[PDB]
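Take a look at the structure below.
One chain of protein is taken out of this complex; the other chains stay put.
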Amino acid sequence: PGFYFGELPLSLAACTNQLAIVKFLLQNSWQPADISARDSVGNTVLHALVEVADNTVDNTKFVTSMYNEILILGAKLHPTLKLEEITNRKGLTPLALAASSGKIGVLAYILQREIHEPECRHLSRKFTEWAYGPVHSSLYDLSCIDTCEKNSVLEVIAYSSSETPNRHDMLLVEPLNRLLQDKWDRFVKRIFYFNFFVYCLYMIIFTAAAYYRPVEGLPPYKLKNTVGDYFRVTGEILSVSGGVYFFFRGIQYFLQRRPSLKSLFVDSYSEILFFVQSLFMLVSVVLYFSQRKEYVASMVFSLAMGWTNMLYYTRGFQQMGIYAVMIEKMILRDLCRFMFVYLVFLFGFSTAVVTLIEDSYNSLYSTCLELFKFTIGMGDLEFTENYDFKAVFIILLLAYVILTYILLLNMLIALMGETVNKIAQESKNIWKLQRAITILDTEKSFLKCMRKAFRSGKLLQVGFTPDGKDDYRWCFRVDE
Amino acid sequence: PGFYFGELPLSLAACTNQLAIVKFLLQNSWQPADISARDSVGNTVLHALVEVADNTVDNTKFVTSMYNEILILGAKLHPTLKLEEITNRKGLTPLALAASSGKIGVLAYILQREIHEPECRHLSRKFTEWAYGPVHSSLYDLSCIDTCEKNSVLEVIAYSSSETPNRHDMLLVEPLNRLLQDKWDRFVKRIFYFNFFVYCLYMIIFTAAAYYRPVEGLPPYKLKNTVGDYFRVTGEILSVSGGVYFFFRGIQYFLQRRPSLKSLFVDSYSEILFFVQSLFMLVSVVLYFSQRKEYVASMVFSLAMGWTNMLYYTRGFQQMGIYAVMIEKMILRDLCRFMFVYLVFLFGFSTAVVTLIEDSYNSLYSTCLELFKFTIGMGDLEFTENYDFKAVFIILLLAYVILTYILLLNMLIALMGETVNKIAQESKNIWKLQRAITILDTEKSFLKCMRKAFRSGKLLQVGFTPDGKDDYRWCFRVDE
Amino acid sequence: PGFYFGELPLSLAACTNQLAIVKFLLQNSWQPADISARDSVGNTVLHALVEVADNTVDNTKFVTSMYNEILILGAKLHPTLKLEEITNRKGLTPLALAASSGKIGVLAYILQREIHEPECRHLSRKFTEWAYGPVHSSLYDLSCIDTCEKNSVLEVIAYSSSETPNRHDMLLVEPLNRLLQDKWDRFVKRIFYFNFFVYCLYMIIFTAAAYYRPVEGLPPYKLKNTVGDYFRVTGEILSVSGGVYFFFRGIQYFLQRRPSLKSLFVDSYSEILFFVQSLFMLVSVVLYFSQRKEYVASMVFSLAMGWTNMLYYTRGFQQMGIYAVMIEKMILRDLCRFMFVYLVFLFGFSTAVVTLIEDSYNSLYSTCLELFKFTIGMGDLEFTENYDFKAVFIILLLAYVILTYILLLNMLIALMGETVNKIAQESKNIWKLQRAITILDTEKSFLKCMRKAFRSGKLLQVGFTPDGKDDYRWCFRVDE
Partner (left out) sequence: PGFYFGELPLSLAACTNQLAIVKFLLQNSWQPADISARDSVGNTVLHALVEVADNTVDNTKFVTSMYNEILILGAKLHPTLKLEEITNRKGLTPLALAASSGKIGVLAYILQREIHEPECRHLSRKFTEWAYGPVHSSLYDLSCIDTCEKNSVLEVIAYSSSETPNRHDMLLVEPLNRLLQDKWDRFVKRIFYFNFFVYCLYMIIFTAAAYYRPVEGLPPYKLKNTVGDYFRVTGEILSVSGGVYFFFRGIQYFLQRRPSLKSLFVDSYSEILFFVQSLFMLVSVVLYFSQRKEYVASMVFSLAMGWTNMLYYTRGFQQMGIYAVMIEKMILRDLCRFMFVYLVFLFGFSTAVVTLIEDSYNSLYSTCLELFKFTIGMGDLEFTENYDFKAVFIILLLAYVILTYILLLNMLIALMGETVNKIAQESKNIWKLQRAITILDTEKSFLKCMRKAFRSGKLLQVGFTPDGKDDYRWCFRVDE
């Protein structure tokens, strides 16, 4: 049991689409409609009527009409008090809550509503200046999207923990899509490409420095005044510098976002991979000054990861990022599934073969390798000669080949085909979301105290305030 | 010739959906309706009502309406006796018959009917306790589902011999789905995982014991007081103990179910595989004490099967269970086809090549192998030098390679693509059924004389019987 | 030029769906309708009504209704003579013309007529004997199907030259489907399986005889009285006997059907393959007695073909026959398409590599082979050492490998996938047609002067002729 009816029937009325109670509570001498007071849980009716939504057509029309009517009534009953600005216990506005919960219909309303009545046109979002046949030039005077100073809308959407059912669908709406596209086109694109080029130089320097490590053992290695040593040690210093930089940026990301440790591996994939690179790099430098030879064994892993992480920058090239996301999705969702099956078969037949033949392929490891080799097309079928029960041996090997090489790999290919069909359209939206989070971090860091990235301007766009004062809302024009 | 009209026109009325005869026969002074007496073949009219169904929309409405009307009239005319409780020649109730024959519409009715009338409301199934806007709390008086003591519904569905057209679709209805989900969530899950862990330890012990068999010939091998021999012989005793355990459980499964020996290989797949493992294990121990060297040959097959059978426990993880099911389907129904085609090609070209070249690759076996190799990417195209008719030889080999390696394997990949596409959604229902049968065996065995797994309780929820007595039905709540 | 207005307005009326002209021309005192007289090209109006059909819904209803009306009127005006039995210049009845042209709508009508009037219901096809609610037991008096003694319907459909747009679709209609199914179930199945077993013994004997050919040269080989020679020569005699038998079978097929030499390779596939086997076998006999050693070079090509032709008998096992059909389709229509491209690439890069490197891989043949090997996963990339322009060499080889191994073969796999998707349903109908042809030849040959394979009997089922005589039509009962 339990609901928000208690001490607040308006919430239940709006949930129930029974607007008569809502209009009845307005100004009754028995008891007026106190929409403006917050409930015990901290939220308001404007948040409750957001909770009802489920994005379906009938629910969309119900909740949209209910919200618009309730908002107009709030405006006319209490012109001295705004309702959309009142935050809940956590801090979310109805805009913020609808975004966080992934209520695409209510979002579509909140960023596109319009008024054709006097003394309340401050509630409209869309405004028109030029009106031609094929095309119109409308304007959005949205705030609380670029920098709301509590939680910007894009911060709420981009950093959701993948639990929002419309995690990446809502960003396709025009009032956000055009903003992201413009932010990309104006200044973010140059910063991002510059970062890409800087990283590529970083990996080239790291590869060159590592490849020319001095071959004698027992580090550290005394430097000579010759030029090769200045180049090498400079390359090393640049390499470790890059590593520690990534370490700090990774930890800053984690402390700011703090995902749930189950989302940590199914989101924030890129940050953990970069962080792990930096961890290997720092373990390497630690072992390097520790007078151990083993540091190279760590360095290469960073190197091996470093080049691979270059795929992170394929976001920013849609035609290629749409490919690059496939590896993330398959390595996360499909590799564990396949690898358990494959390791079961490999271990089963490998133990059978290795226990069968005993008196050079007498280890379990060597035979695990030899039966792995049938998956890369180098099995030989005669890796042992003059051994007992050879008929049984060959039956086992051919059973293995038929099982894994002929069937299981082909099952893998077919399943990847089906999954690729099932994510034909999803990957594009994932790419757009990846561009969005790229843009957000780009704006957040900004590298040089430069913040001149506002919308089309703070002009007196509306001029119909309920007070006699003037509006300033950083408006933004769209040629529809 | 012949029909079911004889001495029962009500079956014809249902076949034509002519309801007037029902009410006409109801209480006619010439002869009333004797609903309560059984037919000559043992069954009742309500069973005939079940047989007529075909799960389609119009047939569903016709059969549902006629069934409900007949039930109400049976209540009104003969309140002293129940009709659903009367069994047929085999023992099935209309519930049980509808389940066994796969009559999903009538099943959906029987467990979801409702009454809004006095003195017959005991016939209602669904009941309501709380009624909110978005959610309602309903209640079912499900009985004769968990343990009806003649034919439980789950017993009938789970153990159908795969001939029921809706074999796995019946379990999707709420009154069964929620029961299975709760039984899984409550206590079955821990028992199943415990079994899984126990089996994994079993296979580890078996592998370790077998790998370290003593290398000298002529078993049995005299034990030393050193610790290695105590460990090895203990491992052997545990291994053969597990084998005989599986033997007994397999034979118990067969005697309790007794499938039809055509269903035996397309259902009961897991049981026969475990049974075959145990047979190899027991043959191994028989040969072991028989002073035979070749017990190894029977050991390893069990070992090789043992690890493979671990995929049985992949039911229990849906995201992996469907994958293991796909492998089962491909090995069962698709392999025989391809293997016949492939063996025809391999044998044709192998016997042609071996008869061509004669004066080391002169056996049919060696050449069968050499041409098999072209599938796994290790054919050489020059495995013979200085032999007659080399042009003809090479034409044959290239014809073979073009035929099988280039085309037939690609035909296999494409066909697996179509089949995987065609069973993407069926496998989910197969997994759910494979969990249902697991749950049923879990309840049946219960390991420790613990049976406290009943539904929400036998409280006097309804109490609206035409007699003054009370209801005790092991209720069950659903948060709709 | 040329049209249907000339001296036959009835065909034009049919083209225009205007029955008024038909009834007016029917029995006018100025001139009645001479429907029964044949046109100058040999055909009648009933054949014209077939020509106008195009299998669409509206065309179906138009042609069906107008045909029925015209036929009833022809019966009423001229009860002394039948109209459907009058043949055209070639010999086809309207049933035969509709079948040969592939007019599925008219075919469905003509075999399923029904009349509820006296003195004309002799023209109906379907008759009812038992009438229950869900099932009825009807009968067809259909003749001119099994043996019409001029051109049976099944002969017309089965032996069409693949130009019929509904070549295999029309056999799904019940009056033919049930006939074929019963003919299969009754006696054909045993003959077919017997043939299959006989052929399998034939190939086993041939393989054994060929494998043990005497190894010395210069045939023929003098026989010894020892048992091995009696077995070998008996096997040889059986082998050649089988070859010549197939030779006669193939030539009889060609002379009876006489396809068009463009249909010859896209239909009659199985017959030409068996014929080619027999040709190689007879060539081997000729060379054998010609004191040539190279007879073996022909014998193996029979042997290699012989085993492969066993796939012909997969018709008769639907689940496997469909798969063999898919292989036939691919090897016919996709292999030329692919192999042109592949041979172009192989020849281009092979001649480039061979002209590049000159001073053991210096022949065009050896290099054609070496670059072929990259398809089967055995290319080495260093098959030449110490040769000029090695950079150019390696660029060419890697260009080749990237082109064919990585891209072309994967593209072949993808296109086979799409084609397989596009023929999922066609192949089933091809299988049914193949079984139909099997049945027809089985009935035609009949092996022992046994022809007791008629339909349900010539009983006087209808007996409502406009004359006082009785009906004898070899009826056939169907329990619908």
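Every chain is named by a letter (A, B and C) in the order it is written, and numbering of its residues begins at 1.
In this section, a residue touches a chain if its C-beta (ideal position, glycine included) is under 8 Å from a C-beta of that chain, and two chains touch if they have at least 3 such contacts.
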Missing-chain contact among A:81, A:297 or A:398 belongs to A:297
Give the residue, chosen from C:184, C:345 or C:383, that touches the chain omitted from the document. C:345
Would you mind spotting which of C:21, C:414 or C:437 touches the chain that isn't drawn? C:414
Of A:102, A:242 or A:306, the residue touching the omitted chain is A:306
Missing-chain contacts on chain C, rising order, are 3, 12, 15-16, 52, 337-338, 340-341, 344-345, 347-349, 351-356, 358-359, 364, 374, 377-381, 388-389, 392, 396, 398-399, 401, 405-408, 410-411, 413-415, 417-418
Applying the definition given at the start, please give the residues of chain A touching the unseen chain. 130, 132-134, 207, 210-211, 213, 215, 293-294, 296-297, 299-301, 303-308, 310-311, 314, 319-320, 323-324, 326-327, 330-331, 335, 369, 372-373, 375-378, 409, 412-413, 416-417, 419-421, 424
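FYI, only the chains that are shown with their structure count from here on.
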I'd like to verify one number: the distance from the centre of chain A to the centre of chain C, where each centre is the average of its C-alpha atoms, in whole angstrom. 58
Two or more other chains are touched by the chain C residues 377, 417
